[PDB]
Every structure is written in structure tokens, then in C-alpha cells.
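K.L.:
As a plain string of letters, each chain reads:
Protein chains: 2
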Amino acid sequence: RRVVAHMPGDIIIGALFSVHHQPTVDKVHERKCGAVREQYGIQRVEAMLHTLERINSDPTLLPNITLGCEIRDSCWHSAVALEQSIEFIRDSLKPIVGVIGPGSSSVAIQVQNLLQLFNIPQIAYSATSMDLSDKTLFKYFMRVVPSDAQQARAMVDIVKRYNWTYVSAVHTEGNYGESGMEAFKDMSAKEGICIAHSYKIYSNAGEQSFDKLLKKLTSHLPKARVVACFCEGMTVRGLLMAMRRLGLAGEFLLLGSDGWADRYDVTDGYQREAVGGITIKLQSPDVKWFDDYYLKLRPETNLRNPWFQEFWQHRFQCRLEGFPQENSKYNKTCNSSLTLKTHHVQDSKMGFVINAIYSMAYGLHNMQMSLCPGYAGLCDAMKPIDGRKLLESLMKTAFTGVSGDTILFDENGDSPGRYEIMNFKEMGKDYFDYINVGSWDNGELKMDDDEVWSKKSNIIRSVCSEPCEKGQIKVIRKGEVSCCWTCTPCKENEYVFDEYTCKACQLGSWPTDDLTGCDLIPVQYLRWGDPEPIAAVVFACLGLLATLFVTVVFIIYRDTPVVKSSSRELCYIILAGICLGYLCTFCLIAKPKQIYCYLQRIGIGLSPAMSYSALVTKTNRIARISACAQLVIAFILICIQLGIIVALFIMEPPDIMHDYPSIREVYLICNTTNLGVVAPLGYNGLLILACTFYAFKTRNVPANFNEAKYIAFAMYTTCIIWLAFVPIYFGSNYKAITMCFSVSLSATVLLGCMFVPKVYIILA
Amino acid sequence: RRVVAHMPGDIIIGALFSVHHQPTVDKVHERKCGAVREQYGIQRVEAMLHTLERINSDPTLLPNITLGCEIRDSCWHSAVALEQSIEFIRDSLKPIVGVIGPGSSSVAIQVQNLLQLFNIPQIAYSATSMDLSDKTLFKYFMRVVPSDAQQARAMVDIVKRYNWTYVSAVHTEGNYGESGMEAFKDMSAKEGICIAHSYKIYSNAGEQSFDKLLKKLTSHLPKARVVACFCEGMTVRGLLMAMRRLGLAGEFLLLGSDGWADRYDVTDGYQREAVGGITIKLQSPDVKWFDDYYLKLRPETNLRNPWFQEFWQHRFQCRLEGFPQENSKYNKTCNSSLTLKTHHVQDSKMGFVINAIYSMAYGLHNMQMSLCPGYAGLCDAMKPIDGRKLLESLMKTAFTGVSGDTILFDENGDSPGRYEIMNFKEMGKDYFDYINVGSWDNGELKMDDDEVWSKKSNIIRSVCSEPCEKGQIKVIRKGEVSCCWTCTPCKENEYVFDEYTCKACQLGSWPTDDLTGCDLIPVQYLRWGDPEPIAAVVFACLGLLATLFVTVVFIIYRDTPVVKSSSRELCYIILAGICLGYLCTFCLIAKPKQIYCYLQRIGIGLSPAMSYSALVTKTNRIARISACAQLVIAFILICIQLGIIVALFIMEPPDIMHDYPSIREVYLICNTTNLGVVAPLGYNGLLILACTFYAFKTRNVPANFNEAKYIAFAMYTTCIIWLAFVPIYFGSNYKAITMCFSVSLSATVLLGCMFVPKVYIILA
Ligand SMILES: CC(C)CCC[C@@H](C)[C@H]1CC[C@H]2[C@@H]3CC=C4C[C@@H](OC(=O)CCC(=O)O)CC[C@]4(C)[C@H]3CC[C@]12C
Ligand SMILES: CC(C)CCC[C@@H](C)[C@H]1CC[C@H]2[C@@H]3CC=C4C[C@@H](OC(=O)CCC(=O)O)CC[C@]4(C)[C@H]3CC[C@]12C
Ligand SMILES: *[C@@H]1O[C@H](CO)[C@@H](O)[C@H](O)[C@H]1NC(C)=O
Ligand SMILES: *[C@@H]1O[C@H](CO)[C@@H](O)[C@H](O)[C@H]1NC(C)=O
Ligand SMILES: N[C@@H](Cn1oc(=O)[nH]c1=O)C(=O)O
Ligand SMILES: N[C@@H](Cn1oc(=O)[nH]c1=O)C(=O)O
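Read top to bottom, the protein sequences are chains A and B. All letters in the first sequence, in the order written, are residues 14 to 777 by my numbering. All letters in the second sequence, in the order written, are residues 14 to 777 by my numbering.
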């Protein structure tokens, strides 16, 4: 048999209150309800009764109308409340005008599926699930609380604001938890906040199952600190019970929804484990007049509540033997001086309960004012109440409740509301309490951060992978989530193109410090400055000094026989070639200009061509033993090389090319090919070997102060140096400087061992 | 008002059949049902009536018991069937003993929530959703069909077997579609089969919504070919209607669940778009006796079915004016010769309907046999039927139905069943039909693949990312799914370590062809063989020939004055040093052995030390102008270098080190340091310069056939070559061969310009 609270009157308003707990497993089939509760139960029942009394005793709302009610124990279970709603609709086969629908969303849905057949409009006070906005399915559902879509938004705001990224997610099995979790999940997926593993559990579940759940949560412990427990009360309670049963007290943070809102009974005796826990409550002020009424209640007086005796038994663990509930299970007969004000905790959500009953009354008020304005009472139009007419009234109904705030309904029967955020911290010596921290309103999340933790070093932020981008090290996806990643450093060639991808620079470019992108390498020019460059400079300087020295001497001493006898013009050609050879040094060490790159090859070809051509003519003159045709012979042999140079310019212009020894170094050189080097060098070398042969053949002529002898000595050394500097130009990467040394030393040897002895004799 | 089919009798068995369609949007509030159906409707109704007739007319099952029934139109909608079930339980305030519960799972759940309060056991025939296995929530639910957990397994088997990986997923809004999709999703996540984007839609949804859904499916078209439509009939119907309304006829494959099982009406007039489509039906054989009964039905005769007239109206679009349903909406009065056998399509699932009613009867049979065996009929124990006793009977009940198969229930009220797979292909000239392809049973998926497509080139397999592992190119996760990846090639240094990660090899190693891992590089040894190596070999050969030549000559001609005059012993020291210098060539070109690496440095130090030491003593003898102390001087100068070599061996042993010019090439050399090279070379060079000075100072002594003259010439050339081969050893990477050339040519020059002229004179 069932127990029914009821107040008589004209118009009856049903309600479903979770007076008892849900039945446990292996009791759900008998449907025998658990232990009583006040804050979800008796408190709400007395709230309804006294609110109905107030509306009876107010001439403003519904004059000449005595409102009645029927309170049914929902027992928080789906089937139980469904049976109670059947007991409501028994009359529709006094008729109930509408209900103040049950707490949990799943139970609400189950009840409304029945109710909307009989056109009985349901007003919720706690059933916050967002799938109840679908007025196609749920025509008769108007809750005075916001949808938990906003609540999932608030939770995602919190986990963004405190940088939690790799979270665990437990939600209660049932429509509230499931729908709310789905909303939180997709919002988090959008806003880039991953979830380790979504778990689900019944509230009445086994301790074994709770322990399994807790171990599964343990399997993500070092990273997934905070649990996004979009849960309900007994779910969180069972979780904390499991935490103590494994002794994992101050292990990890959890973050609860309004199932855990402000409730002490879910933390009672398990306080040490919900520490630091963050919660979201719907913003409801205290109800002072209800306090005044509720605290003056006595079990000997409150006859009209058939649960009140049993509650009075339970709260004080005592017995009223002389009263209709002995409860022989207990002992220690009740002290007559017991009060409710001792540890009175006012329910959070019961403001909404008063608002809901107000909404029902105001709806009826609007209906009365519409259909029969000039008749205070039940006219002929309201003998049977049209449910749809009542709905039309209720959807348009507005007022201010005990909170004083405007109570209006949108197109979804969802009244707007705020949200408060509590932290469950310590106050003093093991006196733990929730305390208001911040508020959420339409996206606006204001919050006192320093209040949380009482310490600027917070809980370990639930991050799977540390921001390993130290300017260098990239993100490596193993394929788990978009928040778990290993890390690989980019190479010195490799700039961090993106978090995910790291493209290298190309040749001619090099990455910056922080590896954003490419740059340009400080290329080397090697003009005036640097040791080795300037080394050849001083060499060429000494060479040019000796050049001018011997030149002036041989100009002045033209009259002398020892100078006059030999071919002075051919000697002048030698001197000019030698001087141009020294100019080749300064032509090579230059800024990489096009005209310079031209003149380099010009010099390298022509000036040794000049020198060895005039020398081969001299060796011919000294060997064969025309006097004005020797110049013509030299002219021919020079113009061949000049033609070769011009033809090679026709073939390929020596342009200005970036050099790449490796990535780290880039030069800017003349793009003289191997053929362009070797071919004029080949012609020069062949002339060298030719004059070598013709001089070595006739080395035994001691004429003109051993002219041929010194020339043969010069030719020996000359050929040795030319053969020595063969592989060096090919092997080196400093090819220009090698060419400088080679040709400059060649001209040096030629001068020093042809004309310097003659000068030494002519001035000795 | 509502319409009730009923057969009178002793025991009444209720049932919910989807006679009409569901109400459309903006009709769901009036709850006015759509158009009639036979295959889900009238066919099933006649099935129940005739089955009840058979069980009445069978003396075997339940003798002296006239079974009755009440058929209620479910209308496929949740609320409608809920109202009908209220109309069932009106008596419980003839009592219905149990129902043959409605088609869809969501409606089944809604009905059972009501029924289990009144202890009325429900047997389903189509409500395949897996969440109905939870006997905690659903104590009174026994379906004669398997759970769709197996069906999701079958679908995942199919999408594995045909290598579909990147699929789209539409499921019907409602518990069947939702739960089945969840099962398919997590199984696919396990078995590595991704889903593009899960969509959901009501069946009665707007054409706008269908078009939105279709465009959202279009947004994944080139990759996500196959849609895993875990849907229901009208969902698939609306999808095909949208396909024609966008004219996207043969666009993409879909894969349907048993909502789409074998139904023609879901493809009727939209046949061209479900082409190639693959479906899963529960394996049920045809029912011949039902065929015989059903086809002989006449609208003038079938009074007992109050839907049959309206169905007869609908199927032929005609009118029976003289009969209680005129249907003035239609025209074209019915031909009296119309038959049902014209386009008779037998329902698939109605075998299960017959089995379900059989199960109810057999359960009652077991209950009768248990409680009152010796009284054929209703005893005192079965005046009111105990629902729980009936459940206990039904959970243990076994039989063989019209299919002939064993009908047993597990602990979950889920009878085992098979699955058949159809393809919706063409037969001929636009005559389209489903045809059986394969079967699924307990994991065993056998299937005729070649039958599908009639072509070995199938539909484009739904793959987001082609297997770009061509032995070279890796997987790059952009963070979408574990099936969408871009691709990056590994470098030549980089072996494919894994699909996700690609680690390079280290120095001393190199990747293989297919880039599995590292190998060992074929290192170079350069012993006998190769041009440049053997070049120095022939050089040393000619040198040793000349060595022995001059040696034998100076041994024989010891008696001669020109040989006798000079220090023969010191000359012998020169010759020995020179010969050891030639041995240095073959010591350098060797396999990299430790003793060899020792002897290399030994030779390079000592043999030029010997040569230049004996030469400096000779220059001292020839310059200062002791006779047996010259040997002692040479011994001192040699032992200094020998001490240096031994001390350097003490400092660092020249061990055998792998060379790294770059990654691609590795040599195996002696690890002679720069100091270990230069220091003995430094001592040698200082001796060279010393004897150079002492010889150049005294170059003007023409004694002993210009001995000092040729020696000075030798020293000139010697010093030039030593100074020439300075940067080459440092610049080259072929350092050993350079050292060979250098020291061998040095010894060559020394011999050729000291002792060869003396031999030429003594034999001229
Ligand atoms: C003091 C020294 C050891 C260090 C700094 C060397 C340079 C700043 C000087 C010293 C000699 C100079 C050169 C002396 C000879 C002339 C030739 C003459 O004609 C050119 O060859 C034009 C080319 C040019 O503009 O450099 C004037 C420039 C140049 C190269 C001079 C340019 C500047 C040089 C290289
Ligand atoms: C025919 C030629 C141009 C091509 C092939 C050359 C080699 C197969 C031959 C020719 C000369 C040979 C060398 C002649 C001198 C001797 C010295 C003698 O004593 C050693 O120096 C021992 C070292 C060793 O075992 O090689 C015997 C080996 C060796 C190096 C010989 C080894 C094999 C060589 C290099
Ligand atoms: C973490 O939170 C703090 C304060 O909200 C702030 O430094 C920043 O928003 C977050 N840090 C990062 C790296 O996003
Ligand atoms: C694709 O399917 C065929 C036959 O089932 C076969 O080649 C193989 O199983 C699949 N291919 C790959 C690459 O897995
Ligand atoms: N918010 C809830 C109900 N609720 O469950 C609890 O345990 N507390 C509480 O407020 C829902 O919408 O179903
Ligand atoms: N399998 C279904 C029911 N069903 O819906 C259809 O459209 N066809 C069909 O068989 C379910 O389990 O709910």
C-alpha cells in the first residue's frame, strides 16, 4: 500500500517529491523505497503545503478559490513515480489540474509521457536536462529552471579558465547525466578540451562497480587530475565512499554538477575526499518565511504530513512510542525538547519549488481572468479545466516570486536562471563547508581565483602533454586524442612550420632562432680584410713594386748593350703580362661583380699567355741560332688565347652564382665552369711545356751573362710550381685564393729569375 | 475514438501492431495516425488471429482453454501505443495475461515501463535494441529475436571485410537507432574503423531536415562513400526521397540495418537510388499455411478485422460504397475480381510474430502443466494469473515453432537467431530486387563477394587516406581521426621506424631499401686494386728496382775511388732509409690492421729521419773542410726520432677508427692525430732545412764529379717538393695516398739526384 499527503479544496494540484531514497538493487522489483530525506523530501513537502496555505490566505491570487493538493512520494525511481502518476490519472477514467513534476529528469520524462495523454501540464523544479526543450515530444513541460546546456557551457568555461585539458568524465546513468554529458562532450570537443575516457554508472550501483569505476579513474591518475563528474548526489556519494574504501583520500580533484550543488548529506562522513572540489549550484536565495514556518514544526502537531513522524524518528534516531509510529527498530526514546534548528540546513532548490507552485497559481489566475473575468470563482467555462488552455496561459504567464525575480517562460518552457559556483574547502579544525566563489551568467564567468586553493599554486592542471614547443620541439600524434602528444625536436635545418608539421628551410635560406621561418645567410665576400685574402694582397704589392723597379731600370738602361742586345720589345711584353698577372690578384679578390668575373677569366687566360708567348719567342730567337716579325708571332699566340676567352664568353657568361659547400655556409662566386677554367689554362700550360722543351734543348748557351742558363733555371722552377699547383685548385673550396697564389707566384718566379739578375749585374 | 480488434475467449492476450504510419509533425499533438500498412500491419493482425485460431483448434497446446486476444494499433508512435496500453490496464484497476509487444524498441520500452507495474509480461518480435537486455530495468521483456549487439557486430564485420574505413553514420533518433549506433561506434573504434560524422534524425522529420542531412552527407562525398545507416524504414525512405529531390541518384552507397531489411515499400518509386545497397535481415523462412489463409481473405467476409476494409480501400485505391467504408475520397469503384496474390509480398519478420504467440501459448502450457497437471482447464490456482509465475514459466519455456528451430531464452530474455544479408541490385530491365548474398552467425560471416557488384571492381572503398607507405612515406596526423592522414616521405638517412614515427639511422649505419631498419655500409679498404692505389704501387716498384740497381752497383764498385772516397757507410744508411721509405708505400696501402697502423707511423718518422740524418752528416763532412763518429752522430739523430715515435705510441696508440666524411660513405683508417702526424714530420722538416742551409752554404765545391753540386740541386728540388706537399695532406680526404706519393717521390728525388749520376759516370 502507498501513503498519500493531501489537502482538500476546489482545485487539486498534484506533485511528485523524492521523499525516500531510491530502492537498492534486488529491491527494485518489489519497489520498496529506501531511507527518508528532508532536503529533497519533507522540506519540499512542507514548502508545498505552506505555499498552498499562503495562496489560500491571499485574496490577490485566485479569490473565492480553495486550492487543494496531492503529494506523492516519487521515491526518485522511474517506475515508482510512474505508478504514482497512474494513481493521479485514475480519476480521469477530483481531477488533477497539473503537477509539480519530479526531481530527476529521467523520472520527469517518464511521468510526462503518461501525463500528456491526459492533457495534464507538468511544471518541474529540478529536471534541468536539455532534451526536455523539445516541445514536439514534450508539449506539457515548463520548468522554472534553465536547461543544463548552459550548465555544460559553465563547466566548459571553468575547465577552459583553469586550463584543464585532459579530463576524466563520469556521468550518472539516466537521461539527465547522459544528455548533460553529451552537451559537455561536444562543447569541449569544439573548444579543444579532450576527455580521457567517458564512464557511466547507476546511482544504486554495487560497491564492486564503484570500485571498478574508481580503479578505471586511477588508470589515468598522473595526467587526468580533475574529473568532470556531471553526476548526481548519490553517484558522487558512492564515489567518495569508494575513495575511502580504497583509502585514496586526497588523491584527485572532481568537478560536480548541481546534483552535488550544495548538499552536505553527500559529503557527510566523507568530507575529507571532496576537499578542493568545485561545484555549480543554481542561484536561489534563502526563504526566511519558510524558515520561520518550518522550524516551528512539531511531530505531535503535524498530523497532515504522513511522513513527518517517520522523518522525526530518523533525524534523531529516537522513538515516539505513544505516537502512531513506534519504530521498534530504534531505541533511546525522544527527548521532548528536540528542535529542528539544531543543524538546520536550508535546501538550495526549494526556492524553485515555491516559484513552481506560484507559477501554477499565476497560470490559473491568468486563465480565470481571461475566460471568466466578471465572476470571482468557478464559472461554467472552468467546470472541466482545459489542459491546452491552461498551457496557453502558463506559457504567457509572468510574475515575481519569493526571490523577487521575473519568472517568464521562453518558447521552450525554460525559465532563465543564474548559476553560483562553490568550492568545498576547509574553514578551520576539520570544519568543512561549501563557500560561494564565482557566478556564471549568459557566458559571463566572474570568479575569485585567489580564493580557490588559498594558494597561487593550484591543483596539477589536467594536461596530457606539456607545451613542449620551446621554439624547437614539435607535436607528435600517437592517435589517442588531440591533447596527448609525444614530442620530437626539429633539426637545425628545420624551422617549426607548425605545431603538427615542421618543414625545413631550403638552400639560400636558414631558420631563425625561435624557428618561425627562413632567413638569408650572411654570405661571405672576402674583399679587403681577412688574413689569407690580404696575404696575396701584400704578395701582389711586393710584386708590383719589383715590377716598377725593374721596369724603370730597363727603360733607363735601354742604351746599355746587355739590355739592348736581347729583344727589348718582347721583354716589354713579358713585363706587361707580369704586371697584368699582379693585377689579376686584385681582380680576383673583389666584390662579386659581373665585369669583375669577366676580367678575372680575361686576366687568367691572357696575362700568362702574354708572358709565356713572349718567352717562347725569346727561346726561339736564342735557340734557332723575323727581327720585326717576332712581335707578329707573339701577337698571333696572344690573339689565339684572346679568341678562346671571347668564344668561352659566347658559350657561357661567367655570371654571379651562390655557392653551396653545405647548408650553414653560402658564398657568392663567379660561376666559372671546369671547362672554362681548364681550357685557357690548358693553352697556357701547353705553351709552358713548349718553351720548356725549346729552352731545355738549348740550356747550354752561356751568352749574355748566362741569360739562357738563368732562364732554364727559371723554367725548371716554373714548371715544377705549375705541376705542383694542379690538384690544389680542384681539392680546395677556397679556389680563388689558390688561383691568386698560383699565378702571382708564377709571375714572381718569372721576374725574379729573368730580369732581377740582369738588374743586379747592371747595378753591380 | 479508437478502433479495437478482439477475439473472445477464456484467456486474453493483448498485442500492439503498427497498423497505420506514425503521425507527421504538427499532427503528433492531436495524435492522428497516418496511412495504413499491411506488412507491419494487417498481415501481422491476420497472422495473430489465425495463429490464435490454430492454437484454439489444437488439442495439444492448452486443452479446454479458449484463448482470446485484443489487437491495438500501435501507430508506431510512443504516446499512441502508451495510451493503448493504458486501455489494456483499465481492467486491472477481462485482465490481459500478457502482450505481443510493439515493433520499435523505443515504443517497446515506453510500453514496458507501464506494464511491469501491473505484472504483465511482454514478448517482443522486432524490438532488437541491446539496452532491453538489462533485466534489472526490464523484468518482463522476452524477445524472440537476438539483440542488435550481434547486428552491430555483423555490420562491423562487413565494413572490415570490404575494407571500408572512413564511413558516414546516420542513425534514427529513437532508442533503437541510438543504442545500435553506440554499439556499432565503439566496436568500430576497437576494430580501427573510423566514422566521419555521426548524424541523427527523426523518421517523421521535415524534407528540409532530410535535405540538410543529405548535404551534410555530401560534405564528405569523395572519401566517405558508404553510409552506415543504422536506421529504420521511413528514415531510409526519406533519405532516398531527398536523394531524388536533389537528383543525386547513383551518388553513394548506403548500408542499412533490419529497418531496411527486405522492404519494398521503402524503395517503391525510389528504386534507382538504393541500388548496390547492402542490408541485414533476420533469417526467417516463409510461412506457407499463412500464405494459404491470407490470400483467401475477402473484404466482404473479414468482418472481425476492423482495419481490413480500409486496407482493401488503400491497396487498390478503390471504393466499396455498399460496405461500411465508402471512402468518398477515392473514386473508381472496386472490381469484384480483385485478389491479394497480385504483388503479394510476404513480410519477413512475421515468422517471429507467429513464434512469439507460440511462445506465449507454450508458456501458459508449462504453467498449466506445473500448477494444475491433473485438471485440463482453469483450476483455482489460475483464477488470477500470477505474472511472475508466468515469467518463470516463460524464461524456461522451450519448443519448435513454424520455422522448426528451437526457441529458447537466455538469462536476458533474448532468443538466439541468425542473420541474412541482401544486396539491392538490378535483375533485368529496371526490375530491381533484393537477393540473398551471405549469412552472419556467431562471428561466422560467409558471403558471395563476386555476386556483389557482378564485378571485381567494387564501390570505391571508403578510405580517407591511401596506404602511402610505399616503403618510404609515413603517416601524418592532422588530429581529425585515426583514419585521415597526410603523408611525408622519410629522408635517405631516415628509415621508416613505424607508420607514425620515422627515426633516422646513425653514423656507422644506413637504412635498407624498404626502410625497415639500419644496416652496415660496405666500407672501403683500398688494398691491391683501384687505379690511384696501384699508381703508387708501380711507383714504389720502380723505386725498389732502382734501389737494388744502385745498391748492387755500389756494393761491387766499393773498390773504386769515386765510391770509396765518400762515406760509404753513411751512403748505406741513406740507401736503407730510402728502401724503408719505399716499403712505407706498401705499409700505407694495407688492410687496416693495428700492427700496420703502428709500422706506418714508424716508417714515416724514421726512414726520412735516416735519409736526411745521413745526408746532414755528409754535408757536415763536405762543409767543415770524427771519421768513425759520423756514424754515432747519425745514430743520435735517428734515435731522437725513434724516441719521439715511441713516446707518441705511449701517448696515443694509432688504433683503427671508422671514418665519417659524410653519412653515405664510411672508411676504416688509422686514427693518427694531427700532432702525431706533424711532430715527427716537424723533426724531419727541421732536419731538411738544416741540411739545406749547410749544403747551400757550401754548394760551390766541385769535388768528386760535382758531388756537392748535384746534392745542392737535389736539395733545391727536395725542399720545393716538401713545401709543395704541405697543404695537400690537410686539404685532401685521401690523405694516405698523398702521404704515399709525398715520401716515395722524396726518396725517388734523393736517389735519382745523389747516386744515379755516380752510377751513370761509373758505367760511362
Ligand atoms: C694596409 C694593408 C696591409 C691592409 C688594407 C689593404 C687595403 C685597404 C688596400 C692596401 C692596398 C690597396 C690597393 C692598392 C692598389 C690599387 C690598384 C688601383 O686600381 C684598382 O685595382 C681598382 C680596383 C679597386 O677599386 O679596388 C686602386 C685600388 C687598389 C686595388 C687598392 C685598394 C685598397 C688596398 C687593397
Ligand atoms: C700487376 C700489378 C700492376 C697489379 C696487381 C698488384 C699486386 C697484386 C702485387 C704486385 C706487386 C706486389 C707486391 C710486391 C712486393 C711485396 C713485398 C713483400 O713483403 C711485404 O711488403 C709483405 C706485405 C704483404 O703481405 O702484402 C711481399 C708482398 C708485396 C707487398 C707484394 C704484394 C702484392 C703486389 C702489391
Ligand atoms: C592558464 O591560466 C592562466 C590564468 O587563467 C593564464 O596564464 C593563461 O590563461 C593559461 N595559460 C595558457 C598557457 O594558456
Ligand atoms: C581488402 O579486401 C580484400 C579481400 O577481402 C583483400 O585484398 C584484403 O583483405 C584487404 N586489403 C587490405 C590492404 O587490407
Ligand atoms: N539536476 C537534476 C536533478 N538532481 O539529481 C540530484 O541528485 N540532484 C539534483 O538536483 C536533474 O536535472 O535530473
Ligand atoms: N528493428 C527495429 C524495428 N524496426 O523499425 C523499422 O523500421 N523496421 C523494423 O524492423 C527495432 O528494434 O526497433
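Hints are not guaranteed to be accurate.
Said to hold, decoys possible - Derived coverage of chain B by chain A (criterion: at least 3 residues anywhere in the stretch with Cβ under 8 Å from a Cβ of chain A; other residues may be distant):
#1 16-25
#2 33-45
#3 152-165
#4 248-260
#5 488-499
Hint data in this document are derived by calculation from the structure and do not stem from the laboratory. The beta-carbon is built from N, C-alpha and C at its ideal position, and this holds for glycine as well.
K.L.:
Look at each hint and say if it fits the structure.
P.N.:
How the hints compare with the structure:
1. 16-25: Coverage by chain A is violated here, the residue count being 0 at a Cβ distance below 8 Å.
2. 33-45: Contact hint for the segment 33-45 of chain B vs chain A: holds, 3 residues under 8 Å.
3. 152-165: Contact hint for the segment 152-165 of chain B vs chain A: violated, 1 residues under 8 Å.
4. 248-260: violated (count 0)
5. 488-499: holds (count 5)
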